[PDB]
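Trainee: Each chain is listed here by its residues.
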Amino acid sequence: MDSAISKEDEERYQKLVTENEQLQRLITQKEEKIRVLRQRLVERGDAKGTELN
Amino acid sequence: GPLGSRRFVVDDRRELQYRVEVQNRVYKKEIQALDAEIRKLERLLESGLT
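Protein chains in written order, with this note's numbering: chain V, 11 to 63; chain E, 816 to 865.
Incorrect hints may appear among the rest.
What the hints assert, rightly or not - Cross-link-like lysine-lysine pairs, in silico, DSS-like; alpha carbons within 27 Å at most:
{"id": "1", "chain 1": "V", "residue 1": "58", "chain 2": "V", "residue 2": "43"}
{"id": "2", "chain 1": "V", "residue 1": "25", "chain 2": "E", "residue 2": "844"}
{"id": "3", "chain 1": "E", "residue 1": "855", "chain 2": "V", "residue 2": "17"}
{"id": "4", "chain 1": "E", "residue 1": "843", "chain 2": "V", "residue 2": "25"}
{"id": "5", "chain 1": "V", "residue 1": "25", "chain 2": "E", "residue 2": "855"}
{"id": "6", "chain 1": "V", "residue 1": "58", "chain 2": "E", "residue 2": "844"}
{"id": "7", "chain 1": "E", "residue 1": "844", "chain 2": "V", "residue 2": "43"}
{"id": "8", "chain 1": "E", "residue 1": "844", "chain 2": "E", "residue 2": "855"}
{"id": "9", "chain 1": "V", "residue 1": "17", "chain 2": "V", "residue 2": "40"}
Stated by the list, open to error - Some chain E residues well away from chain V (every beta-carbon gap over 12 Å; in silico):
{"id": "10", "residue": "816"}
{"id": "11", "residue": "817"}
{"id": "12", "residue": "820"}
{"id": "13", "residue": "822"}
{"id": "14", "residue": "823"}
{"id": "15", "residue": "836"}
{"id": "16", "residue": "848"}
{"id": "17", "residue": "851"}
{"id": "18", "residue": "858"}
{"id": "19", "residue": "860"}
It is worth saying that the hints were derived from the structure and are not from the lab. Cβ coordinates follow ideal geometry from the N, Cα and C atoms, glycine included.
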């Protein structure tokens, strides 16, 4: 509908949001499970790990 | 980096499409971080710790 914003800018954006949807979900899968590991690591004292940077 | 709600149409044109690609990269880097944690998940999995 826009004379400047063509299919070009649209497709680039659409596909981009698609990318966002994919991997943010892939994160959450691991996160929720690792989250439990986090608590388990709390008891181990591994909660922080080794962050010297 | 101030409010973008002042020029909603203006910013969200360039600003929004821009933040999506960074999110695409940022979220991807998270998965790589998570991938190391996947190893700790595997010891959970394989050991059947539950």
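Trainee: Evaluate each hint against the coordinates.
Mentor: Okay, the hints, checked on the actual structure:
1. As the CA atoms of residue 58/V and residue 43/V are separated by approximately 17 Å, the hinted pair is consistent with the 27 Å bound.
2. For the hint linking residue 25/V to residue 844/E, the alpha-carbon distance of about 19 Å falls within 27 Å, and the restraint holds.
3. Using a Cα cut-off of 27 Å, the hinted pair residue 855/E and residue 17/V is violated, with the two alpha carbons roughly 44 Å apart.
4. For the hint linking residue 843/E to residue 25/V, the alpha-carbon distance of about 15 Å falls within 27 Å, and the restraint holds.
5. In summary, the hint linking residue 25/V to residue 855/E is not supported, as the alpha carbons are separated by about 33 Å, beyond the 27 Å threshold.
6. Straight-line distance between C-alpha atoms of residue 58/V and residue 844/E comes to about 19 Å, which keeps the hinted pair within the 27 Å bound.
7. Between residue 844/E and residue 43/V the alpha-carbon distance is near 18 Å, which keeps this suggested pair within the 27 Å criterion.
8. The suggested pairing of residue 844/E with residue 855/E holds, with an alpha-carbon distance near 18 Å, which does not exceed 27 Å.
9. At roughly 35 Å between alpha-carbon atoms, residue 17/V and residue 40/V are farther apart than 27 Å, so this suggested pair is violated.
10. The claim that residue 816/E lies off the interface holds: its Cβ sits roughly 20 Å from the closest Cβ of chain V, which is beyond the 12 Å cut-off.
11. Residue placement check: residue 817/E keeps its beta carbon more than 12 Å from all beta carbons of chain V (closest about 24 Å).
12. At the 12 Å boundary, the C-beta of residue 820/E stays outside the reach of chain V, the nearest C-beta of that chain being 20 Å off.
13. The non-interface label for residue 822/E is consistent with chain V: the shortest C-beta to C-beta separation is roughly 17 Å, beyond 12 Å.
14. Once the 12 Å rule is applied to beta carbons, residue 823/E is consistent with being away from chain V; the minimum gap is 16 Å.
15. Residue-level check failed: residue 836/E sits 6 Å from the nearest beta carbon of chain V, not beyond 12 Å.
16. A beta-carbon of chain V is positioned within 12 Å of the beta-carbon of residue 848/E; the least distance is around 9 Å.
17. Listed as a non-interface residue, residue 851/E fails to keep its Cβ farther than 12 Å from every Cβ of chain V; the least gap is roughly 10 Å.
18. At the 12 Å boundary, the C-beta of residue 858/E falls inside the reach of chain V, the nearest C-beta of that chain being 9 Å off.
19. Distance check on residue 860/E: its Cβ comes as close as 9 Å (rounded) to a Cβ of chain V, failing to clear the 12 Å threshold; non-interface status is violated.
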